[PDB]
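With one protein chain held back, the other chains of the complex are shown just where they sit.
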Amino acid sequence: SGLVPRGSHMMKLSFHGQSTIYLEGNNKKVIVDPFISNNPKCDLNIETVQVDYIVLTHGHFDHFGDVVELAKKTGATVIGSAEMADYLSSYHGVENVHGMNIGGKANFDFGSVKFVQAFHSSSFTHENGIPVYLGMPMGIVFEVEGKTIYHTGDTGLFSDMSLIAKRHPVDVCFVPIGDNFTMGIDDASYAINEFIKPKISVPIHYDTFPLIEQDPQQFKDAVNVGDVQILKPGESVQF
Amino acid sequence: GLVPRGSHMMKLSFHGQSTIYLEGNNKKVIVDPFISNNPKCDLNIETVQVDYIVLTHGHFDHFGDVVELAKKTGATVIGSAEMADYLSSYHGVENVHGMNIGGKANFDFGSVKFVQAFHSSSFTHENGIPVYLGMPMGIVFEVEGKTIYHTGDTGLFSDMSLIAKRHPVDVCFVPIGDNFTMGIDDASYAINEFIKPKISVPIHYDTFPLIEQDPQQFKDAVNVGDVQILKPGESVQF
Partner (left out) sequence: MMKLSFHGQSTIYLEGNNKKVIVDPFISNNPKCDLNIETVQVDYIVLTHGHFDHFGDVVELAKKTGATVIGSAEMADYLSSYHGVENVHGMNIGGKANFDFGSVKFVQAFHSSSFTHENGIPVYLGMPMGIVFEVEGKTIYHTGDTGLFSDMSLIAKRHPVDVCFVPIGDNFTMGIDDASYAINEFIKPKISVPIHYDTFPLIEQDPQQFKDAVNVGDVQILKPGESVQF
């Protein structure tokens, strides 16, 4: 316990399938949208994953994923909408939640989390077929170890992507390309070129299901600003 | 062995509230089928033929007869992921296709792209507890070379210009009823400043006393394209 915490390195930021990202800030571990056990393309394993924090963009099954079991096993704090925190706390018995809402910023030991708007939906559907409403869907702006990371969440194209990116210039943007349920290739590449203009773009939310199969090279070819890193599950952003 | 019917003026009609009907590649599509409980609606649940039902949002005056119409016709119901789950799991609808805002899907009639809207989306059970059915939406269709923008139930928003610049619009269906949506002034502003379609059709008025409007005031206020004030049963003229 007398050992000094591990010193600085290249910021750790990895993609794990669908909308799942993992990052470390000040030796704390953060995961977004942990769809691990039910995504066969996800390289993570809920028995071995180490996390201090879980952040949810919205409540759909392919983002909510293993949050309850993961939080209960790790003691991780779950960060989400006010509705998401009350649902996790009062319906699922998750002990450590932090409710926020759009535009809200919070400072944690790992860095900062700010929720931003998205155009999508947010619910988890129960056995009777009734969606449970879990707030407006959101994107995330992280400030971690000097890096600004914008995870758009599941979203359609919107011009305030430019307002988010102007007010919070972006090192890394994770942007969905799968179409049907989100932007496709054309809208995502327009989002990056016209509005966000990050240093690095990573396409997300494709191939997990047949309906959202896409060739991410068509995204790369359409992006004219910064660098595109087409990450396979398990791969880290190179800064 | 007969070849399917060949090409004609694109078939596109208005049926009261926000109900529109269109044909693409000999497939029949209805939006927001509020038929049996809208006495101003010219259609009849027992006779209307549809291959697809598209829902902009869950409110009773749009959801309407979707369950009984889908059951009779075998039509595919296209809507939000929440609307697809609810219809399929709670109501037993056989054929659903879930989507979400910004998603585009290709069907045998043409394409459906859902876009954003500012409103609400639920269906209220008897006990006063809404069933959440996603964010409200508009629709961009591409059918037989025509781009149709149905704005859904919505307030005015500047990204109407983004939608229209990215998908230049042949016909825009825009609500004018006020109280629950844009009224005359906001809808005409939407058309003049943001959407700039070839043809505008005002919708979502007169169905209930609270949303009675003179659509001529909308026509008078619009300075771009053509305005066609359609009565229930009337077709857009191209």
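Here are some notes:
Per-chain numbering from 1; labels A and B assigned in written order.
FYI, a residue touches a chain if its C-beta (ideal position, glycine included) is under 8 Å from a C-beta of that chain, and two chains touch if they have at least 3 such contacts.
Touching the chain that is not shown, out of A:43, A:69, A:160 or A:235: A:160 (per the contact rule at the top).
Although one chain is not drawn, the whole complex shows that of B:26, B:37, B:49 or B:158 it is B:158 that touches it. Across B:106, B:127 or B:223, the residue that sits in touch with the chain not pictured is B:127.
Not every partner is drawn; the one left out touches subunit A at residues 81-83, 86-92, 99-106, 115-117, 132-136, 159-160, 163, 167.
Counting the whole complex, the residues of subunit B in touch with the unshown chain are 59, 118-120, 122, 124, 126-132, 135-136, 153-158, 178-183, 186, 189.
What we mean here is this: only the chains that are shown with their structure count from here on.
Averaging C-alpha coordinates per chain places the centre of subunit A 33 Å away from that of subunit B.
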